[PDB]
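Student: If you want the building blocks of each chain, they are given just below.
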Amino acid sequence: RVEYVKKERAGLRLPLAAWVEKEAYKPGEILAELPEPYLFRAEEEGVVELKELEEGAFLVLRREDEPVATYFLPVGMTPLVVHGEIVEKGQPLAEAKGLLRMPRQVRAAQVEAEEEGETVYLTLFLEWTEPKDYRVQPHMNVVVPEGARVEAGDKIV
Amino acid sequence: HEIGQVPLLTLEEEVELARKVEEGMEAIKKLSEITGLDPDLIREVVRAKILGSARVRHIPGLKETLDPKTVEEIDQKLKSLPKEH
RNA sequence: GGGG
DNA sequence: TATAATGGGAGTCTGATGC
DNA sequence: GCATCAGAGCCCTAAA
Numbered sequence: 212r213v214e215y216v217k218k219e220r221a222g223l224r225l226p227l228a229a230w231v232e233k234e235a236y237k238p239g240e241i242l243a244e245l246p247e248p249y250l251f252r253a254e255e256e257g258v259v260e261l262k263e264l265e266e267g268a269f270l271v272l273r274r275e276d277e278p279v280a281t282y283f284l285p286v287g288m289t290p291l292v293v294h295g296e297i298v299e300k301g302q303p304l305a306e307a308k309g310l311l312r313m314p315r316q317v318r319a320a321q322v323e324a325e326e327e328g329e330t331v332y333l334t335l336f337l338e339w340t341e342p343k344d345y346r347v348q349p350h351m352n353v354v355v356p357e358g359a360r361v362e363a364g365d366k367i368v
Numbered sequence: 086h087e088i089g090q091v092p093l094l095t096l097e098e099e100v101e102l103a104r105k106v107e108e109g110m111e112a113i114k115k116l117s118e119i120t121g122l123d124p125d126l127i128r129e130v131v132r133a134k135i136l137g138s139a140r141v142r143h144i145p146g147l148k149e150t151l152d153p154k155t156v157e158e159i160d161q162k163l164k165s166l167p168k169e170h
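Note that the protein sequences, when read in sequence, are chains D and F.
Take the first sequence: its position 123, counted from the start at 1, is 334 in PDB author numbering, and no numbers get skipped.
Take the second sequence: its position 25, counted from the start at 1, is 110 in PDB author numbering, and no numbers get skipped.
It is worth saying that the hints were derived from the structure and are not from the lab.
Note that the Cβ used here is the ideal one computed from N, Cα and C, for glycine as well.
Keep in mind that a hint or two might mislead.
The following label-pair restraints were derived from C-beta to C-beta distances [claimed, not checked]: (1) D:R360 <-> F:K114: 54 to 62 Å; (2) F:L93 <-> D:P356: 26 to 34 Å; (3) F:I144 <-> D:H350: 48 to 56 Å; (4) D:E263 <-> F:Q161: 58 to 66 Å; (5) F:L94 <-> D:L261: 25 to 33 Å; (6) F:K134 <-> D:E214: 21 to 29 Å; (7) D:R360 <-> F:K115: 35 to 43 Å; (8) D:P356 <-> F:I119: 55 to 63 Å; (9) D:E275 <-> F:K115: 23 to 31 Å.
If we take Cβ atoms under 10 Å as the criterion, some of the chain F residues that face chain D in the derived model are [to be verified]: (10) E87; (11) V91; (12) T95; (13) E97.
Can you make the complete structure from the sequences, with help from the hints?
Tutor: Structure below.
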């Protein structure tokens with residue numbers, strides 16, 4: 212199993228009377244607490260590319276094929292869209308109910324925050340590992356040790 | 086009874102050892118080029134250290150009498166190689 | 001297998 | 001020199017002396 | 001005690 216390192220910029224919008232202000236979020240840390248359920252809505256029109264992690268999700272809007280937005284859904288936020296769905300500006304992507312927290316496998320390095328009306332929009336610099344499994348057959352030998360650091364192109368088996 | 090003291094190989098282990106034997110021969114071939122020695126002489130020197138000090142004798146065809154002095158001298162030329170060699 |  | 005093959009078969013009575 | 005060993009008559013014939 213190779214856990215691949217991904218470092219990406221993803222956005223989120225929350226009420227203000229519900230988000231806890233921090234400069235970074237460690238895995239598992241509570242991001243916000245909502246008094247009542249809040250509907251996170253699309254800020255762009257596009258087709259949805261949905262990427263679901265172990266816990267938490269990623270949502271990526273693209274028009275034509277150019278990605279116009281990358282949103283981050285923490286734990287406590289249930290996607291209301293399915294992969295490859297057309298959305299219009301303003302329709303709810305995900306419901307956020309109660310306490311929402313960082314997933315266990317994903318972090319938040321730098322956190323930038325803008326304030327608009329009664330909501331905050333987080334530009335999150337997120338780092339996480341996405342697992343992929345490879346099967347090794349009897350005539351194959353693994354040439355790489357447990358915990359090795361590999362770049363693109365390195366031989367594993 | 087003595088043969089029954091070595092367990093039979095699994096398909097993986099059989100392939101692993103076989104793999105290592107082939108690779109080692111290729112290594113001795115390369116080690117000959119780098120060093121300017123004789124592939125058989127190198128092979129017997131490599132083999133001498135693996136089996137241990139127990140078995141040391143002149144080998145028919147090797148240019149040098151293969152006594153502890155020569156296996157030390159030649160082993161020291163092999164260990165004088167750069168990390169990649 | 002026999003002879004003394 | 002290349003499917004795979006991995007553990008064997010078989011047949012009196014004396015006295016002296018060292019474990 | 002019990003096992004392991006090395007002893008157990010001579011010369012001759014023919015057959016293999």
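Student: Checking each numbered hint in turn, tell me which of them this model violates, lowest number first.
Tutor: 1, 3, 5, 6, 7, 8, 9, 10, 11
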